[PDB]
Amino acid sequence: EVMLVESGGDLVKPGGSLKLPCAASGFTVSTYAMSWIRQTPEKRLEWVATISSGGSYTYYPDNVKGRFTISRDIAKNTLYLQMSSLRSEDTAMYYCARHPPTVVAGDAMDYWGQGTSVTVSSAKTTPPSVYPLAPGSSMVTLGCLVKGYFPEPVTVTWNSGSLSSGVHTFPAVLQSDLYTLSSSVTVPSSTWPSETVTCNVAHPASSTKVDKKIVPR
Amino acid sequence: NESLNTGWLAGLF
Amino acid sequence: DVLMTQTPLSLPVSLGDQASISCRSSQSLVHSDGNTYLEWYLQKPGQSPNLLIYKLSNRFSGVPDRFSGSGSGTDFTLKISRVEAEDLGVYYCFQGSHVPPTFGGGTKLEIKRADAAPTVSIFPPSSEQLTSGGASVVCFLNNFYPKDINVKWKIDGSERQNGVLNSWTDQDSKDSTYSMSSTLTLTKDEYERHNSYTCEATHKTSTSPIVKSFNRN
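Protein chains in written order, with the working numbering: chain A, 1 to 217; chain B, 218 to 230; chain C, 231 to 447.
Since the hints were made in silico from the structure, they are not lab data.
Among the hints, erroneous ones may be present.
As the list claims (entries may be wrong) - Ranges between beta-carbon positions, derived for each pair:
#1 A:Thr196 <-> C:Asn447: 23 to 29 Å
#2 C:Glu316 <-> A:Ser137: 51 to 57 Å
#3 C:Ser357 <-> A:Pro188: 24 to 30 Å
The beta carbon of each residue, even a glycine, is placed where N, CA and C say it ideally should be.
Using the sequences and the hints, build the whole thing.
As structure tokens, this is what we get:
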């Protein structure tokens, strides 16, 4: 089916630069109007840019105008977003979207890509510290504290993935430009410590991988 | 081929 | 920029019921060509938004049945009869009439389900963390419904707010319960001043709070 795959997201310093591509499969780019739309960490969706179905026109709301450029390459069947002179307010998820003919969906957007994530910040990239959470005293609950990494994202698994029922992983919280999260896991108490539970944490950005056996204090 | 978006999008240009 | 004001950001609704998300615009969204370029989108958890309605009262291809766009001028109503598990997510209204195109802040569609008391787990700091010089006290409050919950920390019988971090999950898409982590973060020294640490939850499932604690020894 129709598929749009954004890529290029990254962490960059304020006043920096970078280019997102968005690759279309399932339809030709050269025959559709296409926009970039962004969603801020706080879930607010705002307009970024648009290119005309015939490719001769472009729009940018005033806050990105003059700093951003939407281009299309009909041969590559790919949409671009050149972003220069970046501001921390630009930190958001960048979705790539198409508009079908007005006869099909009143100029609305029928398909949206999956997003790439951009972070405008000067904060330095930092691997996480990983700590077990075992109880000190029927259904035993455990966890991983993943403290002081940046930038997002971080991936947390249990026994290399074999353990998924009874897992919650809480959104990261940002204090002092470093993130912290925790994951919980539940398991019958009988399987403890018969089965050594390990949380596995990866922080791609810093080439960090840490497995961490939870043992009982 | 610049004729598929009559309606609100046209407004953006 | 036309303000798109939407957001009761919840309505609580049991499966198979009526649901009415409203959206109010800054001014009339009636286009100079006597159209209404008002659109409705649903963002399911971990996804891009999906088009539901375009042009005020027009259901998009494949978009069910029970979805219906009503309204005019400044006030709009998306109206879901029935309400299935699949309808969970955040609904946005959207305006195309006025030249910086704008979104609403979204209404989350909360699914009603039987009340569940939270499962509270409290965890002293890891010894590894203590060696590094910090000490994080973590409290998990898991699989409860409704969303409304009070967490409260107590150190040696004494309430404390400063230095508490909270994280909430979105409604779980499988069992529609909520969960939450709460962290008190302290320096080793700071932590070791006090003996007993408490984490107490107040949820509508109980008239008296749920209490979990421990001592350093």
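Consistency of the hints with the structure:
Checked against the given bound of 23 to 29 Å, the beta carbons of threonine 196 of chain A and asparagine 447 of chain C, roughly 26 Å apart, stay inside it. Range check, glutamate 316 of chain C to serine 137 of chain A: Cβ separation about 42 Å, and the 51 to 57 Å hint is violated. Between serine 357 of chain C and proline 188 of chain A the C-beta distance comes to about 26 Å, which sits within the given range of 24 to 30 Å.
Comparing the model with each numbered hint stated earlier shows that hint 2 is the single one that does not hold.
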